[PDB]
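Asks: The primary structure of each chain is shown beneath.
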Amino acid sequence: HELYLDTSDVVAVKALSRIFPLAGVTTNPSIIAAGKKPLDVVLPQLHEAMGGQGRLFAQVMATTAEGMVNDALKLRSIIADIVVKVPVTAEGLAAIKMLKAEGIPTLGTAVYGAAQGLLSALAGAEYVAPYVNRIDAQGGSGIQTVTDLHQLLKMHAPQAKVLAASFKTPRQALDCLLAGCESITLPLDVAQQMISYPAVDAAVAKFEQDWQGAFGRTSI
Amino acid sequence: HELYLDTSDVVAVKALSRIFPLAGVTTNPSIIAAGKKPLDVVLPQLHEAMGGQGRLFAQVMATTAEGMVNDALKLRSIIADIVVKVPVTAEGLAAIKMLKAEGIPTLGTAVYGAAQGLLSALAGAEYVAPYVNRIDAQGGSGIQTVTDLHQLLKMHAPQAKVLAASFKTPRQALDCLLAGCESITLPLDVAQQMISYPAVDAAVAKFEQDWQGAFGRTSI
Amino acid sequence: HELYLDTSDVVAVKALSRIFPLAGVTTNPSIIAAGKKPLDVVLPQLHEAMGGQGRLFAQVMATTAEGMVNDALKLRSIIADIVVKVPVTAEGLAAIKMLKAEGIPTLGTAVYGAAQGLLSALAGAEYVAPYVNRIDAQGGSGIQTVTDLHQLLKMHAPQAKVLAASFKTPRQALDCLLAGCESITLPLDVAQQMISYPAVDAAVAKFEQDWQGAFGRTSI
Amino acid sequence: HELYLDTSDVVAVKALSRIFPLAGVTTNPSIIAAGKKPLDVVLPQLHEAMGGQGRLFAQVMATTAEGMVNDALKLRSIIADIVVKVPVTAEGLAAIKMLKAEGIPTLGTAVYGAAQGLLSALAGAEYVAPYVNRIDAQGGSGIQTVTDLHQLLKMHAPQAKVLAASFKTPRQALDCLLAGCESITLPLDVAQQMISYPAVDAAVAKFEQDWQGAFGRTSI
Amino acid sequence: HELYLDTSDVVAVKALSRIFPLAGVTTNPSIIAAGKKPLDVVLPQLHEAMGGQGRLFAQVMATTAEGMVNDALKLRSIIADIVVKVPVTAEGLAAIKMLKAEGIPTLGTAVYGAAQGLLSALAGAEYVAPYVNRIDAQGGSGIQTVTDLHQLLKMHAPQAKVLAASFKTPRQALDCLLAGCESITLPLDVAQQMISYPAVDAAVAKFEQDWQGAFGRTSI
Amino acid sequence: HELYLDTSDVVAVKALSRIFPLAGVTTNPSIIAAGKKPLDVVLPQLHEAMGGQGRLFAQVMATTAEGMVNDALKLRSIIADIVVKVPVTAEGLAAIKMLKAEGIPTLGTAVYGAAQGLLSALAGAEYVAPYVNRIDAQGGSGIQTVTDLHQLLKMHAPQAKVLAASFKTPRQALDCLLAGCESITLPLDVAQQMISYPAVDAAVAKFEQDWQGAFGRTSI
Amino acid sequence: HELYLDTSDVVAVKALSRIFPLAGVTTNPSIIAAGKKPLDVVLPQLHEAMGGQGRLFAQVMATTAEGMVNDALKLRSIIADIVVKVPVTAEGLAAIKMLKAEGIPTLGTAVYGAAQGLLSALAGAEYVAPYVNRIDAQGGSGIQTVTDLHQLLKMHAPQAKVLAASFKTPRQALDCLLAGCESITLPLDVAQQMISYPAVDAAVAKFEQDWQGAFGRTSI
Amino acid sequence: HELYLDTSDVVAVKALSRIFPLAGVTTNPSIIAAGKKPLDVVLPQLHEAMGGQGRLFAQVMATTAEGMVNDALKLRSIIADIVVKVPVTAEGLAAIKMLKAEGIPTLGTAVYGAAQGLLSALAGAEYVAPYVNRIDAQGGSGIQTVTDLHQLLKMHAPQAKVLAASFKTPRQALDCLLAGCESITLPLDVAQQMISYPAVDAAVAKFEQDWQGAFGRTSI
Amino acid sequence: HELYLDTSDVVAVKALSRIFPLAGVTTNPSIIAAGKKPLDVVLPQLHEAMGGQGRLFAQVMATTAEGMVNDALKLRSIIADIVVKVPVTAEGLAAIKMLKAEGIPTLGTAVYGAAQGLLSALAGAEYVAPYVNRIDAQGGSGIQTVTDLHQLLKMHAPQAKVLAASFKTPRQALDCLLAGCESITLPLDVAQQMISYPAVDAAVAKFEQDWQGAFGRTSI
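Chains as they are written, first to last, in the authors' numbering: chain C, 1 to 220; chain D, 1 to 220; chain I, 1 to 220; chain J, 1 to 220; chain F, 1 to 220; chain G, 1 to 220; chain H, 1 to 220; chain E, 1 to 220; chain A, 1 to 220.
It cannot be assumed that every hint is accurate.
Stated by the list, open to error - Chain D stretches covered by chain E per the calculated footprint, using a threshold of three residues with CB under 8 Å from any CB of chain E:
(1) 43-53
(2) 116-123
What the hints assert, rightly or not - In silico SDA-like cross-links for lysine to any residue, where the CA-CA straight-line distance does not exceed 25 Å:
(3) C:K74 x D:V10
(4) G:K74 x F:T64
(5) F:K37 x J:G52
(6) J:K206 x F:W211
(7) D:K36 x E:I104
(8) A:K100 x A:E2
(9) F:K37 x J:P44
(10) I:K74 x H:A34
To be verified - Just a sample of chain G residues kept apart from chain F, beta carbon distances all over 10 Å, derived:
(11) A23
(12) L75
(13) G124
(14) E126
(15) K168
(16) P170
(17) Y197
(18) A199
(19) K206
In case anyone wonders, no lab produced these hints; they're calculated from the structure. Beta carbons: idealized from backbone N, C-alpha and C, even for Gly.
Please work from the sequences and hints to get the whole structure.
Replies: Pasting the structure below:
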């Protein structure tokens, strides 16, 4: 299994990388934009902030398949082993096929439907990223889409993995994981909620109180 | 998994073959007729329009088993490696057995029922093509038929594959894929709907707007 | 239950109204446009073509709530008892509330989600029209939406009815009916498929043959 | 609930009417033909063979709606209170609407699909008769069709009843009854199987043997 | 709900009638035979052993419908308000119809199938008695038969009640009750097991020990 | 719905009765014994500790039906409107029938099986108390037993209510409530757990902190 | 059904109240604090911003039952018909009972469990507000809790309603509605997402384009 | 998978063997009797009519285990590799054990129950033949018996196969195939129905019409 | 799979061992007692009555672990390869651990719960014997207990097998087998019922009648 953080926040990544068992960091154009640093700056910084290990992902911006391939080469010149995110559109699909032929690993992104996601895998994408909360927010079922997509990849393109993305609550992440998603990427607020519980803090406090009561201290 | 287009439209096939990850093209008599070009013209054209690679399918027309075998030889003389579609009737079954003995690969077509489809596979057919929308349109359940058929092939004739056909909406294709169909063939309109989503176009537009806002351009 | 035809084809409506048990005819801007006749022409013609009975529906075009209310008055001046279709957007919702206060019956249209549909009913809409095939085509589940929407209306706005729309195959219409939809509107090709079956024609032929065989004629 | 026999066998009807709690007898053109007696002979004979009580059904033969209405009048002139069976086709539907207006009760027959059946009820048919075994034999699911039809009538045309027909085995009848069918018609062989069980005969024999053993006779 | 004991054991009935909330006693020819007393002896004795209240059931022995009607009259002359058990066979069905016309309440017995049971109720039987363990012993599902039968009576002959019979274990009785059986009859060994539990006896002993421990006695 | 406390702790009852919406208090011989006060002392004290309102339950100790009736009279002489708990044994059942005739309301207790529980209700018991945790602890399913029992009462003795008892964890209580239990009795430790949650305390603390931050105090 | 907004944003409430069919506005201490206006200011402003109609909710801050009752009186003196939110703690429960006796309507809030919620309703609360996302975020199932709570209220305290709260995504709101929640409160971001869909905007644009194409304008 | 025909009709077998992919032919005493030819005549004829290939099955007639073994030797002397059908009775079980020791392959027949069928397999039978329609006709569930039996063989006697028999409708055959039956035997009327469909004939006709329309002929 | 008979009836074992495919015979103290022969007599007799092959089981009588080990040695001195049945109590568990260390194979018996059974397997027992009918009779679910026990062994102690015991009807045996029990032991009455069916005897009779009718004899 591969756990990613969905962020361009270099300081947070450094701090959270000693806590979480991270496989890497994912980015997209809105996440990069929000951080305000250009790709040739943030990407190496993000790579460093993880101890020079782990995988990175970043997205193309061009509209044509040829332009997307060129974007991919630019991305790869910044981070040699970077996975290239390609939106799963008509031109994106063509681009994914071209990048497969060139031996550059891709992720099929902006996936709102299971069949769409599958097509990106059949075209050669190694990862497929459904936008879970986007599908939920827009009146669908992000979890069903993810469930269906995982099953499709498993049956029809087993070299490919679901990389579930776009989350507002840990329940969504949990359901994706329960659906079998082999990778996932969490925004910072959801990741932090996933490791902080009032009930757990109360259990820890109780242990300290019981220890204190018997031994006259809270240390071992 | 094998993705086919269900068409005699050579220009569309050429254009769509750079976009979709196609295994080939399927035809039937109505699709050929609608295109108005004879078999000895369209078939080589379709083969070329895919970059001289991928599989082709075409259908016999004769009413007797012996006539169907002769039709198969005619088809094979046009395209050497072509898969011969045989309607799953009494004579069709007998023909499929004869073509198995002669080492010519067949597809059992015009399948409206699961048992019928299974018989064609037991007789030697390598592919079995239920008409999903035809079953749906005529008051049955195309998806249940496909689901039952796939299970039957898997348990009772595992060398054979379901090639799901006859579609009016992507939901039908998705359900066939979810049922485990190892091949599928899409008409052009459904294939195009499967790669074009307003929600996806909006997500792409958003990315461009965010990028523009931060970097003063929409390019990488 | 209320059965509608989804069409601006006056001749077809006349012919099909003696066959089907119709409650009326529904229209939308694309259907009106495709027929090329303006509203003040088609609407009275469609009303007549049904024997001066049954309900009509037509859609507003304006972008603001105030403009939509004015469109509604224009529609009502053409057909006095017409149900006004309002797209379920922010302004549409406001318009529906205003039209409720004015005593003009509405239908909440362009529904792609269950909650969206419910809101239109809570605002005062008497009908709610999900676009079944549009949801299917775009990678969702038109049937699940419809199922969820019907349940929501029944529990939370029981005065309102689902008017299921947008169909490419009878199976979709059947599933909406099975889900409990109290109204439905069919395009012409789907309606016609719903009353024409090879298996039924073969059963009728068989009856005639048996009768002939015993009685020397095919008449009673 | 209404139990019918599906037969033109007058002697069998007389014998079986003292055994079964019959509501009547149904016929169709193949059943009439097989008995070789004309309608003006068998019908009154069947009516008499039931003790001059119970309902009768018989089917029109004409191809046009007008011709079917005329066939209905001919049937009604033979048996005044007879229910007229109309195949659920385009013309049949129109005929059912006409016969509704004329106050002549109808049954919508040759039903191979649920929606088809529902339309016949919405048109005014009091009974709807799906051909269970015909649907089963032709690769579908007769029981699912019946199930779906019963639900549709109950939700959308509650004045109408399912009259389940076409049986090769009691299990089919049982499943229709379990699905809620408010009427049913059995052929003679199935009806007889439904009241004759080896296990039951063995239980009766046992009782007699035990009685004999204790009391020296098999009588009470 | 109606609870019966399935027995000809007069002494046991007297003893168990102060314990169980009995509606009556059922008998059949094997049960009468095993007790060795003739009907004109055991029946009045059983009636008395219940405090001159509650319902009795006994079974006919004749093979023809006419003979069964005569057996019924004989049974009624012994016990005026007795329910007559008629095996559900062809002649039994005819007999039930005749006894319905004569106003003598009947129970349809020796039921090994749900449809069979339903026919006896449609014919006029007030109770229908499936032989649960006989069905289980002979490789079927007694519980499913009972479940199906109850549903059939409820939907199709609601004046009639299931009187579940033939038990080797309390689990069978429980399941019949859970399936909604409005009456039941237990043999003595199963009834006794249904009120005697080691776990219950231990809970009672525990209460006495705790009481004794605190209050120095086991009495209140 | 009726919420009880399962206790002989008079001080706790007084304190908890201002917090919980109590219908009363239940006792059994182990609970009375543990409290060490005799029935003629604790019962009036418990009645008072609830503000002289609410229902009380207490259990007989005798082994014979007659002795149990006498115990019931003794209990009723202490608390005039008390519900008498009778263990559901052979003699208990007989006692419950006798008490029904005498117009003294009973509860059938020490219930470890559903059929057992039902027999107590048919005998005249107004409440039926399965020992949930006892069934769980002894390798069964307390929740299933309760679920089955509730259904049995509802179908077969609808005047009677399940009073679910014997709990070690709130989950058990929750599941009994979810299963439809119309009454329940909680021990003190489980009741207190049911109103005290770390997560809830943290939400309250958060509200106070936010209020303080904006308004400079924690009060309204 | 009752739709609320969860906010202290007066300007937003005014703007959104012409769009949504609102029953009122809910507040809690964190929402009030975040808006920075004191209760005696925001509450009347919120009331006005809804056209002087609809229901308001606000929460007590005190720690003791007596103090919470006093807080309630203070809230009622600001808004005469306001519903008082009481955290469901031990003291909160006591306070709810006291407020019931005083005829002041309450809502049981900070509900993290179904049984907890039920107790607040049994104590007299008219609404019960589970924190859906809080339960989801902290590793539980907000939807199951809501589902279980609704069923509990319906079976055991039917005068009370679920008012579902705490949302990060529309899917959560949808599932609560589907679970039968009779009231709901949405934060502004979720409410806005619930009425804005790319697919719907594309359908509207399409209608305008088709209209323009046929009629030379986009207006009616 | 193994497909058999259930017949003694030598001419039909010859004709149908070029159509169906047959593994052989099964017989039983009623099927042999109905054909009127003795075993030493029909069996070699049936063997020849299949092209001297495929498996044959025939049934013993004796009542004792020893007599059944002798019958088996007689059958084997007619057809050297014939599978011997033995009714699954007490003596039949003993016979099957004896034939296992002698190396003669058996089929356990006249199976009406799953446990019965399993015992025959544990005794050494290579095939087990439940009578599907016999179970259905006699008020059980043939499909459930088959389903249960297959699962029992797979878990407890995996060397053995279900050979499903006794059919009146293709649906039954389909359901047995869906349940996993590794072999099946069809009577001629069911087998013929399984390959002849009105809907399929209509699709073929349509293809010919379209071809004719474009190319001026119906041939390839 | 292993089929046992549960009996001390030497003559019956001899007779039934040529019919059933037996793995052996099981005994317990009640079964031995009922047969009245001491262990040193019946055990060798039972061993002989099976042709000197197959496994035997017998039970210890001592109360302490040490005493049970000594009982085991006594049993093993009578039958060298006998499996020793140990009741699954605290001392039994200790005994099973001791006997594991001594290399003497054990069966954990008197199992009324799944977890209890599992503990006996973890302690070293090779077989675990739940008392199915005992659990059923005492208000539990024997089948659920068996189902749960089998799963526990399979997951947690896979060297151990369920040996299902204690039966009053074949249905119970069937359901244990369906649950996956790898061994079973039947009492004689249930075993006999499992191979004797009225429906099967009628099918055999029918075959003989048909044969006779065509060939003038009932022999082959």
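Asks: Against the earlier hints, flag every one the structure doesn't satisfy and list their numbers going up.
Replies: 1, 3, 4, 5, 6, 7, 9, 10, 12, 13
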